[PDB]
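There are 4 protein chains.
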Amino acid sequence: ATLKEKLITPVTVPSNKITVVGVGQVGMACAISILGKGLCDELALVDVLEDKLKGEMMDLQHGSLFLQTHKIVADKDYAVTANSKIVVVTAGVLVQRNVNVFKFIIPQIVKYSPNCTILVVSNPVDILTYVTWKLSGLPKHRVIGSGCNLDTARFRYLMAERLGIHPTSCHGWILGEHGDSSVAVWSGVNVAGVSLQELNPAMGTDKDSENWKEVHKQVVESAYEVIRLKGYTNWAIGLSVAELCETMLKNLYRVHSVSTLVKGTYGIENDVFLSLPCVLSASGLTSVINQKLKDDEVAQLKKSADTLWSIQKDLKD
Amino acid sequence: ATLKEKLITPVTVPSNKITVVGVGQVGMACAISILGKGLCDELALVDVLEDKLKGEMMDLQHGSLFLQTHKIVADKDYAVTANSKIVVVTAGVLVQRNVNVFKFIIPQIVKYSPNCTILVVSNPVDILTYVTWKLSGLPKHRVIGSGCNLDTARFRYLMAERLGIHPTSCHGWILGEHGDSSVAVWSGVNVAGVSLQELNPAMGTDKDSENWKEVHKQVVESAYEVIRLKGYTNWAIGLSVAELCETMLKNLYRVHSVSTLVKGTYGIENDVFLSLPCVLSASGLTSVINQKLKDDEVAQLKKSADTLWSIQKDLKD
Amino acid sequence: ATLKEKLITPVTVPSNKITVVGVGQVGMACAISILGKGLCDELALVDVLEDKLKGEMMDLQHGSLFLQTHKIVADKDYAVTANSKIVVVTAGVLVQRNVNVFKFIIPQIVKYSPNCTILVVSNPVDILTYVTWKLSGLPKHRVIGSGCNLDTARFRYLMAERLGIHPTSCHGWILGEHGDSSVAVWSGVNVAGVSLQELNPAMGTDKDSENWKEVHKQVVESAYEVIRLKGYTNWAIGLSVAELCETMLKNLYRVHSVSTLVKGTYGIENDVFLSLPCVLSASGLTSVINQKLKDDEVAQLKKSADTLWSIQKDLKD
Amino acid sequence: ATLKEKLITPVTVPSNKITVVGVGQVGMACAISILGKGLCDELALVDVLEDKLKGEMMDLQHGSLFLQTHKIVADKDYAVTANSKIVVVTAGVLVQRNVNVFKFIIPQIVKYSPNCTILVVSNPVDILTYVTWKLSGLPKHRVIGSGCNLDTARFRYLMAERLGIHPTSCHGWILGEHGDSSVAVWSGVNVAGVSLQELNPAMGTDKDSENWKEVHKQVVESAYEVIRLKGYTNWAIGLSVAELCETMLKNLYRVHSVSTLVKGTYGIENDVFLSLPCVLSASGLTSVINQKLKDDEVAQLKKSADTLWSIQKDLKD
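Residue numbers (the entry's author numbering), protein chains in the order written: chain A, 1 to 11, 16 to 97, 108 to 331; chain B, 1 to 11, 16 to 97, 108 to 331; chain C, 1 to 11, 16 to 97, 108 to 331; chain D, 1 to 11, 16 to 97, 108 to 331.
Chain A extracted, bound-state conformation:
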């Protein structure tokens, strides 16, 4: 009178589980990229909506044949979040408004899944990373935001498109705040270990032949030019998050530039999360790479650190 009884003779817990907070344009970009990489053994989704959340879950589950993920669960309560190895926080609705949400969600994240690494994808990323470090009570190394990871990704595609090579080949970084105030360190930009700064001194300046400073002006401009055209950017930031979840889940110790506490380095006493190249692993951020910067470059960190803390002093937690 039953198939399951007659067919399947019995001889759980999440393993690599990842939770994505929010089903929005960018939160379902991260999920389908995380599932497209087969990182998570369970994918939990949580958002304040009752139905779309259930519709995003069912639309993914119907593709479970095509996925390496077994259990895809989504609820509006954070019970599903339990046992999450990483919690990707895309939830966002101006900081003190977002701090209304993160008071509302982040401590629910941590009640059910204490070990989780919290990756903060939502803009503003640098402050909402502090917001989520304050009120989650997780260590410094278990709460990090996406940050300039995607900026570094956009920067390498641009730096490659001008050279025609593949973005993985052209290595250059973006540090600092996520506005016009990001630091593109040209001392590290290079291809095949051939420094570009070395050969052409005109880089990192006001003017140059190709005015390569336009690249960093295009890096910060393209983010919006994608926002202009289709209304907001998702699959760029969802591929970046999936690549971070890969570093942490697969425990690779890869260097991503992510938002972490800058207190103690680059002349900053304030508790501020600013994007710095960091070695990510299963445990959290394992370390930070120490970036040798021009006095002028450390200045942009220092100043832009203050721009955050100047408006991060009035946060009401």
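It is possible that part of the hints are untrue.
Put simply, identical chains are the same to the list, so a pair is met inside one copy or across any two.
Below, in silico cross-link-like pairs of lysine to any residue (SDA-like), each with a Cα-Cα straight-line distance of 25 Å or less [what the hints assert, rightly or not]:
id, residue 1, residue 2
1, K75, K117
2, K117, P153
3, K306, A83
4, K148, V11
5, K308, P215
6, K308, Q211
7, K125, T16
8, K316, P153
If you are wondering where the hints come from, they were derived from the structure by calculation, not from laboratory data.
Keeping the supplied structure of chain A fixed, place chains B, C and D upon it in accordance with the hints.
Chains B, C and D alone, transformed into the frame defined by chain A:
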């Protein structure tokens, strides 16, 4: 005075190129799934919109660091479509309205890329597959629609969820029209080569203990219940298309149930594209699996074939 | 005076760790397949040789740039085995000789890594699976051998090559002992849910047009015909093991035919590991699929079960 | 009276085909890595042995269930080689002995597959790359050897292990001849865009605290220390080749350091293949990165170029 000149000393054509027609909810689901599998060596996007198309391209290109795809191009003209190995047609706006678009696009698809396989993702899939076979002048085997591939995928997730196993293990099929009129062949449903029909005869009927006929009623119902909640289904049908592009590009000879001409089998003289298990390869559809069906099951094909052709007779090409 | 101090500012445990026991022809096939799939976050290797083991480790580590695995460790002591999520036992040198090795290794496996699933790859697989269940003190569901998984794989490639389709499409199984005595269940053999037994009754017999019974005679023959030509088979059984480690690590609940205790089903009171389709997950074997067999087919299990226990009664543990 | 006739109703050419020349320790490392990445839509194997070749083919084909490759063919005649997109030449048995084989094979490679890129894996790689450019009549850009690609890979694993990070993060190169005479360019070595040479000047020298010059001494030493222990290195060089076949097949334009003609740069008039960072694509080598080297470093290229041509002058083709 130039990096590219000084750095890169010179010592093209698309290879696996895939074009996706449309940037809509489901057309960018297919792209990011195709890119997430690294199938296409070039991904061309085309849609009637000037800007979102340019925004979907740039949002993908910014993730090129994270992708195995080198060139992602998008234009509103079909010059980009040139040399496409597969053209995934998601464009859709009721058939004779869609046949306005496919007159407008499909012959532009074929002008630039004559060898392309045309995969038709758009609803109605069975008729718009005929529409695109009529006016493209491609062989029967190079024009196929998605069809019940995703229905078969939803059907296996359901058939597995009731058994708790993984959808790849539970093998069952969906043939025929894409409405309530799909044929779930229970003679093939099984797990680990254990036929479910064999053990419980009550399957495929009006009533059963678990009333397993509800599965096929849930297969056709879930498609809408995803449409209800979030407004439309994308990442299920985009993972299905990416799995079809994989069969054809990687030239696997895998059996998918896709929309192909049923003239000559199952008592149908009409030229009608109805979903049948077919062996897909690089060349196109290589063949069809011959499905042994109940008289009653061949009837649903036969009748539902007529439901198509009854309204496929008045098509104005 | 140090790069590491100046460069990397500090802000462990194995996660998915897999241990492969033995570096032999088949044990390095499993490793490079497991690493080629990026399953293990750490790969531990252990074998009785001091140097080749260190050479197999270094030859893999030099490819770490190309791998998704971070730490590849190999020692002759089983300290490295610690925290293994799965222990793949390829060690083998006739059962009571192999039981000399498994007394020597298997309890060292379990001292350092109590939670490990033990996958037994080594021939004889069915008995050395019992040998390793007796003396490891692990549950029934955490000790399983490869078994007819690869037989099922060879069987599907053959069953497909005759049909020209891709082996993933043609579903047919191999149960029982690993000699000529395997059970190819033809009641489950099919393609696209079209039973082959159904249409041609001459299958599973003495004679047929194509004498499809030759397939199962070729399945058991090819294993040796690979052993004849190059001396032994590795990358077939290493891809099979990597696909098992994937089911268990990725926690997929996929159905593989593996060696598990048959006590209680198919009329067997003896404690005997015989290859049966089983649902594998992170926890172990989750269940067994109940295979509906001809009286004659249950007989081959029953008899071949005794052939094992007849020589499994004199095992000295 | 036939399954294939009754089941499969008909509705070819290699696409991405790769040929590996030789089944030896390193030639089956490349195959199982190429198949493990699903690069080739057909894999052709060729070697001078009748049986092992047939045994290597069958051992791979039995794993076809687990592979994304459909057709794996192996013959001793080069008919199978036809339509190869890349031909990986592992065949080797001292140059003028190897030039006996490449007279015997390389023109058979090119008779059946004129468009093929020829990747030369076999030691000596730099000369046997010239040997195969002379007698194949392919362009400069379609014949390249593995070269210091794997040296660069070993160099990054070492450079990372000292830093604890993941080898993909630490970017440093190996140019030139494949002996002790390789050039480790320290001007490019760095992590997260932080030059190591910049901070510690003692690098690239006779003595340093960690004497980081030992890394390049370990890079060249480890190659042999793997050769010592297990007799020869395979899965390092097979993962490197699979990563080259990926750059070329997937048409990525990635920068690998491979053996190409150095005539015209670094003060070399001779026709000599020496390892230089090069942008690989579908067409061949697309270009070369221009490496800014110390006078002393250009010297090692210049001199080691002569060491090749001094014994490359007496080649009898």
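Exercise. Given identical chains, is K75 near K117, meaning Cα to Cα at most 25 Å, within a copy, between copies, both, or neither?
Worked result: Result: close neither inside a copy nor across copies, 28 Å intra and 38 Å inter.
For this session: Give the relationship of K306 and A83 under a CA distance limit of 25 Å: within one copy only, between copies only, both, or neither.
Result: Neither. Shortest intra-copy (44 Å) and inter-copy (40 Å) distances fail the 25 Å Cα cut-off.
For this session: Give the relationship of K308 and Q211 under a CA distance limit of 25 Å: within one copy only, between copies only, both, or neither.
Result: So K308 and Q211 pass the 25 Å test inside a copy (13 Å) and across (17 Å) alike.
Problem set entry | Same-copy or cross-copy closeness of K148 to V11 [CA-CA at most 25 Å] | between (45 Å within a copy, 17 Å between copies)
For this session: First find the shortest C-alpha distance between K308 and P215 inside one copy, then the shortest across copies, and answer within, between, both or neither for a cut-off of 25 Å.
Result: Answer is both: 14 Å inside a copy and 18 Å across each meet the 25 Å cutoff.
Exercise. Under a CA distance limit of 25 Å, which applies to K125 and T16: within one copy, between copies, both, or neither?
Worked result: both (20 Å within a copy, 24 Å between copies)
Problem set entry | Up to 25 Å CA-CA - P153 versus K316, copy category | within (23 Å within a copy, 54 Å between copies)
Exercise. Is it within, between, both, or neither for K117 and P153, if the alpha carbons may be no more than 25 Å apart?
Worked result: Answer is within; shortest intra-copy Cα gap is 17 Å, inter-copy 45 Å.
Violated hints for the displayed structure, listed by number in ascending order: 1, 3.
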